[PDB]
Amino acid sequence: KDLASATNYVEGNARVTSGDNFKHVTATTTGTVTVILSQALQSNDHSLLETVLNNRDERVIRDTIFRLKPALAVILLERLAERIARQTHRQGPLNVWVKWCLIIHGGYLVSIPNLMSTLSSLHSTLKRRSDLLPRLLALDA
Amino acid sequence: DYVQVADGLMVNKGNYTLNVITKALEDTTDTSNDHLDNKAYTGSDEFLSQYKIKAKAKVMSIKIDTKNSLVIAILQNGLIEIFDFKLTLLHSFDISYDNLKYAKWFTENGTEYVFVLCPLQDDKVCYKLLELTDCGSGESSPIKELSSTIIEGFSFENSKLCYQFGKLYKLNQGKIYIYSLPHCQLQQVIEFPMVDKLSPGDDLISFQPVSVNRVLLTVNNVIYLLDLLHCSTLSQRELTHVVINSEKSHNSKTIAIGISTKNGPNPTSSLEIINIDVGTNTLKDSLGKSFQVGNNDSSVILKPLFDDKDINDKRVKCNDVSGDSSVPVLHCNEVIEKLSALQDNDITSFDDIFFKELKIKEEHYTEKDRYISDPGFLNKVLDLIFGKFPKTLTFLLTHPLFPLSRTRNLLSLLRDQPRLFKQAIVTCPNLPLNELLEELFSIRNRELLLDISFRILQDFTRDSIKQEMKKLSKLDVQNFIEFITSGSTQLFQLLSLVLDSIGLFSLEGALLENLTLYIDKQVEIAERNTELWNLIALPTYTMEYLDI
Amino acid sequence: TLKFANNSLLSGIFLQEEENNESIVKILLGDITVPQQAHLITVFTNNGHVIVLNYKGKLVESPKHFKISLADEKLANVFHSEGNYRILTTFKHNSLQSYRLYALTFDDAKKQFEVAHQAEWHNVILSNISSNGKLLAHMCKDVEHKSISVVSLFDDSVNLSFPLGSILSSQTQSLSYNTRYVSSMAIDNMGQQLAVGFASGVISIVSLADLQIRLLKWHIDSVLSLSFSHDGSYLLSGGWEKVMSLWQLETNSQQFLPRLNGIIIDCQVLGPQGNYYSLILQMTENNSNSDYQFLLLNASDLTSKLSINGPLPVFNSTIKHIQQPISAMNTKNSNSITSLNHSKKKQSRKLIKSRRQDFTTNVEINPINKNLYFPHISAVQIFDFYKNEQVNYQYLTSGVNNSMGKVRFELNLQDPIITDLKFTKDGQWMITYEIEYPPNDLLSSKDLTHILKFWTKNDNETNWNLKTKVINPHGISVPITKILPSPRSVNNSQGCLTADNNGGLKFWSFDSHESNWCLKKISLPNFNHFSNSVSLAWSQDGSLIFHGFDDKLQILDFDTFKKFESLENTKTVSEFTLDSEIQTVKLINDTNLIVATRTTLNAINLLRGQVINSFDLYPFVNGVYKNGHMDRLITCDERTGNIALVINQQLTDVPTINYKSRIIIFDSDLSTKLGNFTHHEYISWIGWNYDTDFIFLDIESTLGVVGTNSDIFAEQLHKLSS
Amino acid sequence: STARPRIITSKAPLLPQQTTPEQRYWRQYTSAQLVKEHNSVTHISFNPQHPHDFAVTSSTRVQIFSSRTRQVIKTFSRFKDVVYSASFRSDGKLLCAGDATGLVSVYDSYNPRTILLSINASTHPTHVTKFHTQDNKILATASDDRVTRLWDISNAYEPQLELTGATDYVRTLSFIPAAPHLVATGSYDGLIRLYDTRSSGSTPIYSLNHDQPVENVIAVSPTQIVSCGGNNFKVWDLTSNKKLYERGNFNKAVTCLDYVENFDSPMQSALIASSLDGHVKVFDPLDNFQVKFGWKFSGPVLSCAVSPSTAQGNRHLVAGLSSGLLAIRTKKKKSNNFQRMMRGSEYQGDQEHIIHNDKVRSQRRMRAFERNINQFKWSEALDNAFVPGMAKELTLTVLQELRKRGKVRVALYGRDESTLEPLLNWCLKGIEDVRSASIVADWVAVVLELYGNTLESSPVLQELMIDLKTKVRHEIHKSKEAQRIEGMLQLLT
RNA sequence: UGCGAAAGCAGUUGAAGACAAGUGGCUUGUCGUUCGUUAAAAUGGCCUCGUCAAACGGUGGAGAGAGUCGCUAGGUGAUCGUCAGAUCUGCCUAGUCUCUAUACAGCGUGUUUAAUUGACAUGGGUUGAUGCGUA
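Protein chains in written order, with the deposited numbering: chain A5, 348 to 372, 430 to 545; chain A8, 27 to 34, 120 to 147, 153 to 358, 368 to 514, 520 to 617, 631 to 679, 702 to 713; chain AG, 65 to 101, 104 to 158, 165 to 215, 221 to 730, 734 to 788, 818 to 831; chain AF, 2 to 334, 353 to 512.
In short, the hints are calculated from the structure, not lab data.
Any given hint could turn out to be false.
Label pairs and their computed distance ranges (CB to CB) [claimed, not checked]:
(1) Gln509 (chain AF) with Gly512 (chain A8): 45 to 51 Å
(2) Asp349 (chain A5) with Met507 (chain AF): 30 to 36 Å
(3) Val357 (chain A5) with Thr224 (chain AF): 42 to 48 Å
C-beta atoms are modelled at their ideal positions from N, C-alpha and C, and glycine is treated no differently.
Can you build the whole structure from these sequences, using the hints too?
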C-alpha cells in the first residue's frame with residue numbers, strides 16, 4: 348500500500364472493557437432448597453443451580469439464604485451477578501435473591517476485606533444498569 | 027538521611128541457639144559467651165586478644181590470642197584438634213575460614229602468607245603489601261583489602277593468591293573503616309562529623325559525605341546502603357542510610382563501643398557477658414519511604430522568600446500580563462519590622478495592628494495574590510495577635531484568606547461571632563473535620579449548616595468522613611434525622640453518609656419508618672421535576710367565503 | 065537541503081524577531097545571469115532579491131544574488147517562456169489589490185535587472201496563469222458586478238474581457254451568493270477554454286471565442302482547485318471532499334481518487350507529457366494551524382510518488398493570521414462566504430486584546446528510537462527529527478476521519494480528540510486518551526465519551542496495534558486530567574496511572590496471565606468540587622506517588638494506595654497546601670521535587686522535609702495558559718537539571737502579533753540559572769529526550785534543541830558518457 | 002490515497018463469563034452418541050499407536066469401537082465372569098483383560114478369536130491389568146488379593162515380581178513415564194505405594210497419603226503424579242515425595258482420570274476427571290490445575306477417556322456411566356492438449372531474478388448496509404438494518420454509524436407509517452439491552468421529533484408508541500432498582 | 001464572548017459607506033467595504049487493481065435456529081353465563097427443559113504469541129426479461 352496512505356483504524360481482537368470491572372485488587433421454617441443450592445455452589449453446577457433458582461416464592465428464598473452457609477453466599481452472589489449480566493430479563497426475578505443475600509449475610513461480607521474486588525461482577529452489572537437512568541428518563545419524558 | 031531512630120562467633124545465627132557468639136572481654140581473663153547454653157572452653161587463652169571469632173562451627177571454636185597463631189577448642193564434645201604455629205607476635209584478631217573460602221597467615225606484621233582453612237595446608241607467600249593498619253576481609257572474590265598507614269591501598273584475592281588492584285589511598289587515622297553492606301565500598305568515618313564511602317575495588321573515594329552529629333561506634337548493617345552508629349558516651353544507637370529480597374531485622378553485626386553493647390540485634394537485651402536492656406525493633410533500610418521519616422543530616426533552614434528572575438535589561442519586558450502593576454516592591458525587612466510595629470500597646474484596638482498589617486501589605490484586605498509572605502512570619506504575627514489581643523477587622527479577615535495558616539484554627543467554634551465565623555467556615559483553607567463535625571452536629575438550625583456541609587463534603591474523602599463520623603453519639607444522629615425530616632442536595636448526600644456510617648443493626652424503628660416515608664416522597668418529587676426539566702392535509706370538499 | 069539559517073548569505077535576508085513577511089515567491093530552473101549553460107536554481111523572493119544557488123554538491127559561500135530596482139510593489143510571481151522574462155506586482165476603494173506586469177532584461181550592468189511595465193489591472197479579485205505561463209486570467213470588479226479578463230503576457234496574441242454575468246446562468250441571480258461566488262479559475266495552453274469553479278460546487282467551462290458555457294456538477298461543496306492538462310482535454314478538480322477528480326472533457330467522465338488526507342487546495346499536471354500531478358492538501362481537521370501536505374503522484378497508477386510534509390502539531394489556539402479556507406457554510410472546520418473578513422478581524426483583535434494567549438501543545442518522544450509523536454486530531458504523526466521527515470500517520474480513534482470527505486453540513490462534526498498519549502518507559506506500549514464527541518441535535522449530544530486505549534508494536538513495524546481499550550475509565554462522563562507512565566520497578570515499566578478531576582486515581586497494569594492491560598489499583602474520593610489542575614509524579618523507587626491536585630499535593634504510598642502514614646508521626650507531612658492550584662509536581666530525583674503553580678514556583682526536599690527555594694511566575698505566566706499546560710511548558714532531566722520557559726508577547730511604542741521566548745535552565749534544585757536563552761519566536765513545548773538534550777517546538781514548527818592523458822580521458826569520458 | 006476503512010462492528014465492554022479459548026475448544030466436542038450397554042461401563046482404554054480405536058469394558062464382554070464410525074468393529078465375549086480391565090499394549094498390538102475370576106487373558110487386538118495367553122492370577126478378582134508403558138513384555142495385574150504382580154509374558158507361569166505391602170483392595174496401577182523401574186500402585190486404604198522393581202519389591206520406597214480411598218493414580222510428568230479418590234484429586238511431586246495441588250470441585254467421589262499432552266489445543270496439557278455425580282471436568286495442569294470446561298451426563302459417570310495425543314483424525318471424548326450406557330462426544334475435522360497449451364500457470368517464480376507482487380489481497384465481502392453507507396445511501400442503510408436475518412450487533416453498528424457519521428434525520432426523512440414500523444418494532448427489542456438503549460433513546464426521540472403528525476394520523480403506530488412507553492416504564496423501574504441495590508451494598512463497605 | 005468542571009455562571013446583536021431590487025427621494029436586502037465591541041438548497045456525493053469455496057488461530061455474542069402446549073411466574077382475549085364459572089384442549093411474554101456444524105458476529109493467517117489452502121483461459125459471441133409458476 349502507498350507510503351502516503353495513512354493507517355486506518357482497526358480494533359481487531361482488542362478486549363473492550365469498562366472502567367468498573369474491579370476484578371483485581430422442630431423444623432418450623434419451611435421446606436427450603438438449600439442443600440441443593442449448597443452442592444450446586446460447591447461444584448460449578450449450572451443445571452441444578454438453575455433448578456434451585458427457578459424457585460421464586462419469597463419466603464422460600466428468604467429462609468433458604470438464611471440456612472445457607474455464609475462462606476459461599478459470595479459465590480451465590482457471583483453466579484447471580486453473572487446470570488443477570490448475561491440474560492437481562494432475569495434481573496427482575498433474580499435480584500430478589502441478591503437483595504436477600506445482602507440482608508441476611510450482612511456481617512460476613514462486611515467483614516470480608518475486599519468487597520468490590522470479590523464481587524466485581526455485581527458492581528459492574530449494577531453500574532451499567534443504573535448508569536443510563538437519566539437517558540431513559542429523558543426518553544420517557 | 028537517617029532511619030527510624032530509637033534505642034537511646121557465628122555471624123548469621125540468632126536465638127534458639129546455645130552460644131554462636133563467643134567473644135573476648137575487656138579487663139577480664141580472655142573470653143565468654145551466654146544464651147537466651154554452650155560451653156566456654158579454651159582456645160589456648162591468656163594473651164592480648166582484642167576480638168574473637170570462630171570457624172562457623174561453635175565446637176571448632178577458638179580464642180583468637182595475640183601469639184601469632186591459634187588452636188581449636190572443644191565447646192560441645194571434648195575432643196580437640198591439632199594446630200600449627202606460623203608466627204609468634206600478635207594473632208589477636210584471628211578469623212578462621214569456611215571450606216576453602218578466605219584464609220591467610222596474616223597476624224599483625226605484614227606477613228600475609230596465603231594458606232587454607234587447615235592446620236597444615238599452605239599456599240604462596242603474599243606478604244608483598246606494606247604495613248597495613250586496616251586489613252579487612254570481603255567477598256568480592258574472597259579478598260583481603262589492606263589500607264596502609266604508609267598510606268596506600270591494596271586488594272589481594274585469596275582465591276588464587278592474586279593481587280587484584282592497588283593504588284595510593286591517603287587514609288589518616290580513622291574511626292571505623294568498615295566494608296560496605298554489599299561489600300562494594302569502604303565506609304570510613306572521619307572523627308567528628310563525616311563518613312566517606314570509597315571505592316573498594318580501585319582504592320579511590322566515591323562519595324565523601326559529612327554526617328549528622330557526634331557518633332563513634334559505626335558499622336555497616338545488613339542493608340543495601342545503610343549503616344548503624346552508636347554515640348561515644350551515649351547508649352543512642354541511631355541508624356543512617358546513604368538484604369534486598371527479604372532483609373534482616375535483627376542479628377546483623379556486633380561491633381559497638383557503648384556500655385558493653387555486645388551481640389547487637391534489634392531487641393539487644395540478653396547480651397553475651399553484659400545482660401543489658403533492649404531497644405528499637407525495626408528492619409533494615411527499605412527503598413525510599415523511610416527516608417521521609419529519617420530526614421536527618423540536614424537542618425539548615427532559613428527564611429525562604431520569593432525571589433525573581435534576574436533583571437538583565439528587564440526594561441524590554443514586552444507587555445507584562447498584570448492589570449496595572451509590573452512587580453511588587455518586596456520588603457521582607459518591613460515584613461519583619463511589622464512584627465515590632467504590631468506587638469505593642471494596641472491591646473484591644475485596631476489602630477496599631479490592623480493598620481500596620483494593611484500598610485505593610487497594601488491589598489483589598491480580603492484577598493490573596495499581592496503576596497510576598499512567609500509561613501513562619503504569618504504564624505508569628507498570628508501568635509502575637511493570639512496573645513494579648520479576633521476583634522481586628524482587617525488582619526484576621528485578610529489572613530484566613532491565606533493558604534498557610536497552620537493549625538491554630540481549633541478555637542473557631544470556641545469563639546462565636548457570626549460574620550467572622552461564617553468567613554472562617556467558607557474561606558479558612560485548612561480545617562479539622564473533628565471540629566467541623568462537632569459544629570455540624572451542634573446544630574443551630576440555619577444556613578450555616580449548608581455552609582459547613584459544603585466544606586465537609588468538598589475537601590475530605592468519603593471514607594475519611596465515615597471513619598471519623600463513627601465518633602458520634604446517637605442523640606446527635608437521631609436529632610439530625612429529625613431535623614432533616616423536619617426541614631439541600633449536599634445534606635441529602637450527607638444523610639447518605641450518616642446512614643452508611645451509623646452501622647448495620649443497632650437502630651430504631653419509628654425514626655426509620657419516618658425517614659422511609661420522607662425519602663419516598665422526596666424521590667417522588669425529584670422524579671416529577673426531573674420529568675419537568677427533561678420536558679423543557703386537504704379534504705375532498707370544503708365551504709369557504711370570499712369578498713363580494 | 066539548502067539551509068537558510070546555516071549561513072549569513074541569505075539568513076541576512078531574514079533572521080528577524082518580528083518580520084517574516086519576507087517570503088520566497090518563485091524558483092526557476094535555469095540561470096538568469098548567463099544563458100545556454104543547468105544544475106542550479108534562481109530563487110525570486112517577495113521583496114526583490116534574486117539569489118542564484120547551486121544545489122548540486124556543496125552550496126557556494128557567495129551566491130549570485132541581486133536586488134531588482136523595485137517600487138513599493140511586493141512580487142506576485144515571475145514568468146518564463148522562450149528567452150524572455152516577465153514579473154507581476156501587487157499594490158495598495166474596498167480593500168482590493170492592484171496588479172502590474174513588467175518585463176525584465178539584465179545584460180548591460182551585471183548587478184541590476186531592468187524592468188519595462190507592460191500593463192496594469194487596477195482591481196484584482198482572483199487570478200490564474202496557464203501551465204506554460206503563456207497567458208493569464210483574472211477578475212476585475214468593474215461596474221454592476223465583477224468582470225473576467227484574459228491576456229497573453231509574452232506577446233499581444235490575445236487579450237479579451239467580458240462581464241461574468243454572461244458566464245453566469247439565469248438561475249443563479251435568484252439563488253444564494255454561493256451560486257455566483259467564484260473560488261477557482263483556470264485556463265489551458267491555447268486560451269480556448271476557461272474553467273470557472275464556483276463556491277456552490279459547480280464548474281463551468283466557457284469557450285472563450287464565443288462565450289458558450291458547459292456545466293460540470295460533481296462537487297457537493299465548494300470547488301477549491303482547478304487545472305487543465307497540456308492538451309486541454311482533461312480537467313483536474315479538487316474541493317472539500319478529499320477526492321481529486323479528473324474530468325474527461327470529451328465524454329464528461331470522471332476518474333476519482335478519493336481519500337487524500339486533506340482537501341485539495343491546489344492541483345496541477347506537471348510533466349512534459351503530464352505524467353505527474355502535484356497537489357497541496359490542507360488537512361483541516363485541526364482549525365488551529367494551516368498545515369499543508371505537498372503530494373505529487375505519478376499519473377500512471379495514481380500512487381503517491383514523493384509526498385512531503387512538515388511536522389503537524391495542533392496548538393491550543395489559532396496562531397498567526399491563520400484563516401481556515403472558504404466553503405459553503407460557516408462551520409467549525411471552515412467559514413462561509415461572508416465571514417472571512419470578519420473572522421480575520423476578530424482573530425487579530427483576539428491576539429491583540431485578549432488574555433488567554435496560550436497555544437501550547439503536547440509532543441511525545443518514543444524512548445526507543447527517539448522519534449517524536451505529534452498527536453493530530455484523531456491521529457498521530459510519527460516523525461523523526463534527525464532527517465525531519467514523517468515516519469507515518471495513523472488513525473487512533475473511530476470517527477469518519479478517513480472513510481469520507483465531509484462537506485457543507487458534515488464539517489460541523491468533529492472526530493475524537495487525542496488529548497494525552499504517553500509511552501511506557503521502555504517504549505513498548507503507548508497509552509492514549511481520547512474524548513469522543515457526539516453529534517449535535519439529539520438526546521446524547523451533551524455527554525462525551527472518554528476512551529483510554531493501549532497500543533503495542535515490536536521494534537520493526539511502524540504502526541501500533543490496539544491490544545485493549547477501556548471506555549469510560551474513572552466512570553461515565555468524567556475526564557482524565559493526567560496520565561503518567563510508570564517507572565521500571567512496578568510491573569517492569571508496564572503500568573500507567575490515570576488521574577481524574579475528582580482527584581481519583583486508577584493504576585492500570587499489564588499482566589501476562591490474563592493477556593491484557595487491566596485495572597489493578599484504585600483510590601477514588603467522592604468530592605463535590607472538580608478542578609482540572611491535576612498533576613502526578615512517582616518516586617523512581619516505585620514506592621510513593623505525589624498526587625498534585627488543586628491547592629493540595631497529597632502523598633500516597635503504593636502498597637495500600639492511600640495517603641502516606643507512619644505510626645511514629647515523625648513529622649509525617651503528607652499534604653502541602655500552596656497559594657494557588659498547582660500545575661506541575663515534577664520530581665527531579667528522589668530527594669526533592671519542583672512544584673509549579675500559577676503564582677510561584679516552589680521546590681520541596683524530602684530528605685530535609687521543607688521548602689528550599691521559590692520563584693515568581695505571576696509577572697510572566699499569569700492568566701495566559703490554561704490550567705494544566707505548565708506541565709508541557711516546563712520539563713526536567715534525569716540527572717542534569719530542570720527547564721523553565723516563559724513567553725513575552727512583544728510590544729509597540734499595546735501588545736502585538738509578535739512573540740519572543742525566554743527559556744531558562746536550572747541545575748540541582750533551582751540553584752543556578754546556568755542557561756538563559758532567548759528565541760526569536762513563540763515556543764510551545766519543551767521536553768527531554770533520553771540522552772541529555774532538551775527538544776523544543778517553535779510555533780512555526782522548527783524543532784530546536786538545547787544540548788551540552819588518463820586524467821583528462823577520465824574526465825572527458827564521464828562527460829561524454831552521461 | 003488509502004483504502005476505505007471497514008465499518009467496525011460495535012463491541013461493548015465485555016460482560017462476565019466470556020467464552021474462553023479452552024471452553025471454545027472443549028465445547029466443539031458435540032454430536033453425542035448414547036449406546037446402552039448390558040451393565041455399568043467400568044473401564045475404557047484407547048489404542049496408543051494408531052490412536053484410533055477404543056476398548057470399552059462392560060460386563061462379560063469388551064468391545065473395540067472405531068474412532069471414525071463409532072460402531073463396534075470388534076468384540077470379545079468369551080469371558081466367564083465380569084471382565085474388569087482391558088488395555089492395549091504400548092505397541093497397540095495386543096489387548097489384556099483382567100476378569101472377575103482372577104484370570105488375566107490377553108488376546109491380540111483386532112482378532113477376538115486368538116486368545117494369546119491366559120495368565121491365571123490370584124483366585125480373587127483381578128481388577129486392573131495394564132502393560133508396561135516403556136517395556137513391552139511385562140504386564141502388571143493387581144487384584145483383590147492386596148498384591149499386584151508383574152508378569153513376563155514369555156514366562157507366564159510364575160509372576161516375575163510380586164509387589165505386596167498394601168492393606169486393602171489395590172485397584173490401580175501406574176508407571177512412571179521416564180524411569181521404567183518405578184511402579185505406583187493405589188489401594189482403598191489411601192496410601193499410594195510405589196515400588197522400585199530392582200529392589201526386593203515387597204516394600205515400597207515411599208508412600209503418599211491420599212487420605213481418602215484412591216480410585217485412580219495416573220502419571221502426568223516423569224515427576225508428578227495425580228491420584229483421585231474421594232471428592233478431590235491431589236497431585237504429588239515424586240522427586241520430593243510431596244503434595245502440591247488438590248482440587249475438590251466435585252460432589253461425589255472422583256472415579257477416574259486421564260491426561261493429554263501436546264495435542265492440537267489451546268490447552269497444552271489436560272487432565273480430565275470423572276466423578277460419580279454426572280460430571281466430567283477438564284483441568285489445565287499449567288495454571289495450577291484450574292478447571293476449564295465440564296460435561297454433565299445423565300447418571301453417575303464411572304470411567305472416562307479421550308483420544309490420545311497423536312490422533313490425527315476424528316477426536317473423541319468417551320465417558321461410560323454406571324447407569325449402563327456409553328456417551329461419545331467427538332470433534333470432527353481437462354485434457355492433456357489443453358494442459359500443454361495452458362502449461363505455465365503454477366510456476367511462482369523460482370529461477371527468476373526479480374519477482375514482482377502487486378496482486379492485492381481479496382478482503383471480506385461487504386454487507387449491504389456497509390456498501391450502502393459507502394455509497395451514501397443512508398435511508399437504504401437503515402432499511403438494510405431492519406431486515407429480519409440481521410445480527411443485533413449489526414443493527415446496532417449501522418445505527419451507530421449513521422449516528423456518528425451523518426444524520427439520523429437524513430436517514431429518517433422520507434418515511435411514513437409503513438416504513439417506520441421496522442425501526443420502532445426493533446426499538447421495542449433494543450430498549451431492553453444496556454448496550455443498545457442509548458442509541459434506541461436518541462433514535463426514538465428524533466423520530467417522534469419529526470413525525471409528531473403521523474402520530475396523530477395513523478393509529479397503528481400510536482399503539483407502538485404506547486408499547487414503547489410501557490417498555491421504558493419497565494426499564495426505568497429496572498434502572499431505578501439497580502441504583503437501589505448499588506446503594507444497599509455501598510452501605511456495606 | 002469570558003470564567004469554567006465534563007454542569008454551569010456573567011455579556012450580547014452597533015455605526016458609516018457602496019450596490020441591488022421595488023415603488024431624485026422612500027422602503028427592503030446584500031457586501032472577495034470600513035470602524036467599534038471581550039463577542040439550506042445549480043439533481044449536485046468517494047477509482048480501478050480477482051472472485052468464489054473450504055479451512056485454521058485469537059476476539060465478542062443480545063447468542064443463529066428448532067422443538068417439547070414439559071415445569072415456574074405472569075399479561076390478556078372471543079362467546080355464553082347472575083355470579084359461580086364453562087368451552088375455545090384460548091393466545092402471547094419471560095425464565096426453565098431438549099437438540100444442532102457455536103450454528104451467530106468480527107479481526108487475522110504477506111508474518112505473527114498464534115494461525116490458510118484450493119478451483120478458475122479473471123477473454124470474445126448468441127440468446128438471455130415479452131422465455132415461468134406451484135400461489
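Comparing the hints with the structure gives:
1. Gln509 (chain AF) with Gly512 (chain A8): 45 to 51 Å: At roughly 48 Å between Cβ atoms, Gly512 (chain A8) and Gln509 (chain AF) fall inside 45 to 51 Å, so the hint holds.
2. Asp349 (chain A5) with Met507 (chain AF): 30 to 36 Å: Cβ of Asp349 (chain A5) to Cβ of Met507 (chain AF): about 59 Å, so the range 30 to 36 Å is violated.
3. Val357 (chain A5) with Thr224 (chain AF): 42 to 48 Å: Check passed, 45 Å falls within 42 to 48 Å.
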